[PDB]
Amino acid sequence: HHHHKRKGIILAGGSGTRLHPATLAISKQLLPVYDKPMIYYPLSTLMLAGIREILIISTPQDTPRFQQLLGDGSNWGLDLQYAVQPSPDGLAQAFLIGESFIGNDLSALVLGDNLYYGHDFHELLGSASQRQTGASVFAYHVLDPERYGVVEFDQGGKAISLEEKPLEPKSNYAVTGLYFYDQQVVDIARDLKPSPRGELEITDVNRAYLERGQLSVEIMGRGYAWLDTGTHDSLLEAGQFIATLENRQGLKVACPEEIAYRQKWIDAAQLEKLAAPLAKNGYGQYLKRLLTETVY
Amino acid sequence: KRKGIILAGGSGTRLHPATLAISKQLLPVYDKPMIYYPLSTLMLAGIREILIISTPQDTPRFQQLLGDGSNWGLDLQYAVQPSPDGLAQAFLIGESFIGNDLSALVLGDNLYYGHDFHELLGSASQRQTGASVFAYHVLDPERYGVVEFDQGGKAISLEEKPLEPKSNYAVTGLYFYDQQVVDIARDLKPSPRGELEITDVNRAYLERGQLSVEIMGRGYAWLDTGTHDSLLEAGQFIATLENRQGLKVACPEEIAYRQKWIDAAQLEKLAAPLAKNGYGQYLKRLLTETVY
Amino acid sequence: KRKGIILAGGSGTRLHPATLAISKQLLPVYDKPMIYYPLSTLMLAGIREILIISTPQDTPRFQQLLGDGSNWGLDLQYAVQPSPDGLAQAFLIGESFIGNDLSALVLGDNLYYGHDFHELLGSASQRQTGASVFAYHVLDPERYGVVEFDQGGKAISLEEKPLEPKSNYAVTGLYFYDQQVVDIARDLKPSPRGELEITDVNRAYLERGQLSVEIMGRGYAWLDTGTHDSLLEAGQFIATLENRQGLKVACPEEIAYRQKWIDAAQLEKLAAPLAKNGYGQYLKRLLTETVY
Amino acid sequence: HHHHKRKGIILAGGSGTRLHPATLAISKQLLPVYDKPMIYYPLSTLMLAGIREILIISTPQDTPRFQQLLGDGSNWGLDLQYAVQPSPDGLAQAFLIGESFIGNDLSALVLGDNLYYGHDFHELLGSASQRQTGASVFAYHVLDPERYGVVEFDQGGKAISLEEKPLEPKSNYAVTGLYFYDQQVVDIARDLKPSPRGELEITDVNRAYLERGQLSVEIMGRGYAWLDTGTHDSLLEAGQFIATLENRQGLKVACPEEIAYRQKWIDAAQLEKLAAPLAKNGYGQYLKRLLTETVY
Ligand SMILES: Cc1cccc(Cn2c(N)c(N(C)S(=O)(=O)c3ccccc3)c(=O)[nH]c2=O)c1
Ligand SMILES: Cc1cccc(Cn2c(N)c(N(C)S(=O)(=O)c3ccccc3)c(=O)[nH]c2=O)c1
Ligand SMILES: Cc1cccc(Cn2c(N)c(N(C)S(=O)(=O)c3ccccc3)c(=O)[nH]c2=O)c1
Ligand SMILES: Cc1cccc(Cn2c(N)c(N(C)S(=O)(=O)c3ccccc3)c(=O)[nH]c2=O)c1
Ligand SMILES: [Cl-]
Ligand SMILES: [Cl-]
Ligand SMILES: [Cl-]
Ligand SMILES: [Cl-]
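Chains as they are written, first to last, in the deposited numbering: chain C, -9 to -6, 2 to 293; chain D, 2 to 293; chain D', 2 to 293; chain C', -9 to -6, 2 to 293. A prime marks a further copy of an entry chain.
Be a bit skeptical, because a hint or two may be false.
When the alpha-carbon atoms are kept at most 20 Å apart in a straight line, the in silico PhoX-like pairs for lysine-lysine are as follows [said to hold, decoys possible]:
1. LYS285(C') / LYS285(C)
2. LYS4(D') / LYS167(D')
3. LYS277(D') / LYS261(D')
4. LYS2(D) / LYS261(D)
5. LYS261(D) / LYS285(D)
6. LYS167(D') / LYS285(D)
7. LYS167(C) / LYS155(C')
8. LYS285(C) / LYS261(C)
9. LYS261(D') / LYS285(D')
10. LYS167(D) / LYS270(D')
11. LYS4(D) / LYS285(D)
12. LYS190(C) / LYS162(C)
No lab work stands behind these hints, which were simulated from the structure alone.
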């Protein structure tokens, strides 16, 4: 072999019957947060990290619906592929479903219902994606760490334990649903035995890296918003939050067409074509405005 | 008898990209699809036989969701509006469904709430001649059909989206009609904006002295879910009432049960596949709790 | 005649640091001070003679804000509750105000809304014997006085904040009483938590067969503004109704005018100093607009 | 004179009758945003900038009310002074009212109803406060620039004009209500003639610095939230925003006691004393938790 890449995965799985009847009509990650499908937010997040080749994993039934929404990604300078997940057998199954997609490359895994926002988010992601070996996760202070993977730190700020959804959390630092992995993750994932609750657990993957001294735990500061979108109440809260920001600024959070344009993955002519069919609504008008307005 | 029509019309691209993923009237208002609210409204008026009109793309998605409605004691049919060429087109598309019966039409993105709403609908539906609409005081009457009243409270004009509204009373998206409505709709010409106007149907009744315009009081909430902002506001409004009360607004399973269109055993069957979430848990509680 | 009491009790430090700057019941719910809502409620029941009870610190601030109420056709008096030692203490503090008349008590942080609320209050106030309270289905009945009904709908028990509630029906913070209430309150002993309980007053009437418990339907909104979260929710709820309708909820100037306690010239005087904002503009519009 | 400071000003003036009747009961900057008086947010902002000596300017009637809330500041390691503003004669009057307070020192002026939030806000402020000469302002992209002072940039990103509330804005970049000044501002302020609308205008002060080549215009990025709190609707929106963040994180935005503690202006014993009278509510419980929890 001769030399002359980091690939993305969005787990947009079946949310069961938890949000029914809202979700009888459509899968969770197709429901909007304010003005855009939920999946726009994690997609935009991977895009901000510089990732163009992205696998979307969803149920057999939802796959064609995501495909209708997003296509192959080529209109936005992306290469979107799709894989079906028959059964909800944990998040780490992503690496077995996505094995041939990842191949010998670096990877990033993001949850389809996580929403992130803040200043220099691009730089926070960039430094995780820059580490070409080991694994990188983000820790975020929350009120309810028991709902998440929880990280414990020693007095010098070094991570010393990870626990999946502990009933007695060692700290208030939750591991966010955005993970950066090197080439070892698939082989780590293949050795996972399902948990007491019958799932292949992402926390076990992360603990394998930690045990090898190869896990970076970066703090995602309190000046960032990490919002969850998996209850009716939290989905509503997330929409209000985005609406308040966007209406204040006259700028959008997680507009994929914008992010592709600013990454130079598409050019001004291409953005104009995307603006055309959306011209009679605010979204297409927004895209048109980006062709002439300097936004810092 | 009175049959129901839900016009779940196409919103073009106004709600894109949200509506590139899911049909407009399948978008949730808080915890249930938008269409449950007008469905529940017709159900509260005692209407079991309902035509859902939508776009060629969305109509099959409503049908996949709701089926024939037998599970809720309903008789649901479907029809397609090829192009959004006016709300009054509902009566032409719905002509064979309506037949020789009385009808009611509700817009798919209209949400209603308040005390004795059941009685307000009952009074309209019991008039078996003429037409009955509701007037509601709004801040932005220019977005709607506007009804003008004289000093005695009699309705004297109707204007669709007037640049100079004659009052702040908007006609809500809920309309009751006798056997004349199909033939009135057949003899409409399109307006200046290429639409068969529901306001034109309503004016035809007004001109014959057969339009009843009842006030929907300020104690009722009439909300519009046609924009991202209004949809969001409607969600918060419902969430606040539901979380306060531990009761739902516009749960079709509940309304069917209270109308005795379905019995406790059927309500229990419906609760089963939703039993892992709060909605089935709510359906189950309805079997054992007295709610006045 | 029936006189009114607003108990604007001390919330201790529960709302600090917000309540280090301003009295709890002067905090705004959207666009007006909290106290306007219960004031408007009493006013809607036809009650013009109102005692405002509050803390030694807050009472003078209500008095500085509202004066004697003559500008709104009211007769307002003030009294102090030295320590928050139970809601029933209102009747002891208010004994000389009440005199030999009928009374009504409303909690200062309770907000009500809905269709024919005027009629619901009127029916309670017209009973000149016994007591009348309202039961409302809630999600968290353990935070309130809970009324238990038998199979015929008759109220059979009342419990204050039960660990095992017998129903989901909470007694709302609105109470109507005959001439017996002062002497019932005088013969109460403090509860296990050192409070003269309003639920104990209500049980004394229940034991004599003179408590009316009417259902406040699910079509009414009864909201609590006692926490930062509930206050915020109440604000959004009011804002949504007001911005939809272009009408206000619980504007005392409006209710006085509609009750004919003040006339158009007085309403016009009140609008003048607020004419630069939407509230005076609203008061001014009320002079020329028919609102049903 | 022998050698061996930047002072703060909060303009918490009379908001007229615009928010009545809510404000008949209390002045605008005493109204809460979610769980704390509005003034807590600009106060915390100056504190984050490292500023301890702060003048609060308000009406004769409101002065004692702010004084009851805040005292002299010494409980939080601050030196709070108060000056009365009889008449609402524009924002720049602050420098004439505050002349003897500023003396020969550097200054910062902040509006009592501006709310800011985001990652590395401390660093954004630090770099403005570090410039010991000239003036520093922040530009923020908004939907409605016509409500504010607006800054225009040339193609190289250099500020070339400032306009107060233009009916035809040159850009969407509003000047935020947070201003850093050197020793020249009082003398600049004394030469201001009132505007067409009878006010001493902050934009005229800023343009004087710009004309001297001494104005830095830093971009406040879209990852920061700058919210306005001066309508009933926006106050409500601001409260929802703070509530969503705080309830998500179990951390507070603009808790002054926290900021003083983290600045080391008060110590753990002093924070414990402040926690005591607030112990039965969430706020005092929060303060107690900060004595034992490491928050990054
Ligand atoms: C490619 C790129 C790099 C750096 C900045 C931007 C501008 N940007 C930003 N900052 C944001 N954010 C508000 S963000 O970094 O917090 C973000 C980005 C993607 C998804 C969620 C939030 C955005 O949504 N869209 C943008 O075009 C784009
Ligand atoms: C069949 C029936 C008749 C009268 C009352 C009720 C109870 N009810 C009510 N009142 C309501 N409302 C809160 S409602 O009348 O304002 C309503 C009803 C259907 C759709 C939207 C609001 C409801 O949503 N579901 C109910 O089962 C049901
Ligand atoms: C005196 C009067 C009697 C009947 C109706 C009205 C009109 N009205 C109504 N209905 C209301 N409501 C929306 S209400 O009855 O639900 C109400 C009234 C007072 C306090 C809270 C809600 C109102 O706030 N102000 C009014 O002037 C006024
Ligand atoms: C003194 C200090 C320096 C750096 C960070 C902090 C932590 N912090 C932060 N970041 C915040 N923010 C969320 S902030 O920088 O966006 C801020 C700070 C003050 C007022 C508004 C927002 C806060 O409110 N309280 C804090 O104690 C404190
Ligand atoms: Cl941060
Ligand atoms: Cl009404
Ligand atoms: Cl009801
Ligand atoms: Cl930014």
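Now for the hints, and whether the structure bears them out:
A hinted pair counts as satisfied when its Cα atoms are at most 20 Å apart, and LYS285(C') with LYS285(C) does not qualify at roughly 51 Å. Annotation: proposed proximity of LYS4(D') to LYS167(D') is violated, straight-line Cα distance about 33 Å (limit 20 Å). Under the criterion of a C-alpha separation no larger than 20 Å, the hint pairing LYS277(D') with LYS261(D') is inconsistent with the structure, at around 25 Å. Taking the CA atoms of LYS2(D) and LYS261(D), the gap is about 17 Å. The hint holds against a cut of 20 Å.
With a C-alpha separation of about 16 Å, the suggested pair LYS261(D) and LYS285(D) falls inside the 20 Å cut-off, and the hint holds. Restraint check: the Cα-Cα separation between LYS167(D') and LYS285(D) comes to about 18 Å, which is no more than 20 Å; the hinted pair holds. Restraint check for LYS167(C) and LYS155(C'): the C-alpha separation of about 49 Å exceeds 20 Å, so the hint is violated. Taking the CA atoms of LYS285(C) and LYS261(C), the gap is near 16 Å; set against the 20 Å cutoff, the hint holds.
Straight-line distance between C-alpha atoms of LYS261(D') and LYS285(D') comes to about 16 Å, which keeps the hinted pair within the 20 Å bound. As the CA atoms of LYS167(D) and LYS270(D') are separated by approximately 27 Å, the hinted pair breaks the 20 Å bound. Simply put, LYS4(D) and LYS285(D) have alpha-carbon atoms about 30 Å apart, too far for the 20 Å limit, and the pair is violated. Taken as a hint, the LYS190(C) and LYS162(C) pair is honoured in the structure, with Cα atoms around 18 Å apart against an allowance of 20 Å.
In this structure, the hints that do not hold are numbers 1, 2, 3, 7, 10 and 11, in rising order.
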